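Take a look at the letters that make up each chain.
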Amino acid sequence: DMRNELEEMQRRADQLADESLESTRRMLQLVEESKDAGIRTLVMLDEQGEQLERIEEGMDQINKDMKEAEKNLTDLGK
Amino acid sequence: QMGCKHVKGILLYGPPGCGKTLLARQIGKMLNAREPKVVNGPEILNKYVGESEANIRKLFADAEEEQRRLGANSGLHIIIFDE
Ligand SMILES: Nc1ncnc2c1ncn2[C@@H]1O[C@H](COP(=O)(O)OP(=O)(O)OP(=O)(O)O)[C@@H](O)[C@H]1O
Numbered sequence: 006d007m008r009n010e011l012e013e014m015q016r017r018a019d020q021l022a023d024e025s026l027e028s029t030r031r032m033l034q035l036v037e038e039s040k041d042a043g044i045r046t047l048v049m050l051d052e053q054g055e056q057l058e059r060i061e062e063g064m065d066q067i068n069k070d071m072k073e074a075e076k077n078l079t080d081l082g083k
Numbered sequence: 247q248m249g250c251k252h253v254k255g256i257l258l259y260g261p262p263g264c265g266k267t268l269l270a271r272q273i274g275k276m277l278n279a280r281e282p283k284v285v286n287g288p289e290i291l292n293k294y295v296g297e298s299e300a301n302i303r304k305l306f307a308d309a310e311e312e313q314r315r316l317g318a319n320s321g322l323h324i325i326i327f328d329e
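Protein sequence lines, in the order shown, are assigned to chains A and B.
One rule links them: number in UniProt numbering = place in the first sequence (from 1) + 5.
One rule links them: number in UniProt numbering = place in the second sequence (from 1) + 246.
None of these hints come from the bench; they were simulated from the model.
Be careful, since some hints might not be right.
As the list claims (entries may be wrong) - Distance condition first, Cα-Cα at most 25 Å in a straight line; then the derived SDA-like pairs of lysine to any residue:
hint, chain 1, residue 1, chain 2, residue 2
1, B, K275, B, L322
2, B, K293, A, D6
3, B, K304, A, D6
All chains, please: the whole structure from these sequences, using the hints.
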């Protein structure tokens, strides 16, 4: 009558982490810095676009003025 | 008014082949109630510590909930233990 039976106990392997808290924090800090740099680039790019738009009008005005002056001088000369 | 409680148990015994399971089945199908639970022999045992008692506890979980909710207007819950 040496017929034995058993029961079982369970253990849980550690969840997936303990490497997600050293590279993670550095990743977040770098992401924040990149976000700030992107915001600054946004602002600078908008300012540059405004300045180019401003330049356009003066360019067109000088072109028109020179063309009209040349035509007038030619007309009077002949 | 009589202030009495209801019976909650029946036992049938005798020699083989004399009609015990038939009577239980016909009783089960005679009552306008839920679908009776059936336990076929040692169907509850489990090898993990504390897992063969949760099986016992699980059979009364609907009766307890309905008793808590509806009080004295609840239906009837049948349970059958074979062997
Ligand atoms: N009183 C009875 N009237 C009609 N048929 C019966 C009766 N008793 C037994 N039988 C017949 O016997 C069959 C099997 O009997 P049953 O399974 O009810 O016996 P049992 O007492 O559960 O036996 P066991 O001891 O093996 O559990 C039923 O399906 C039925 O056909």
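State the violated hints by number, sorted upward, taking the hints as numbered earlier in the document. Checked against the structure, the only hint that fails is number 3, while the rest are satisfied.
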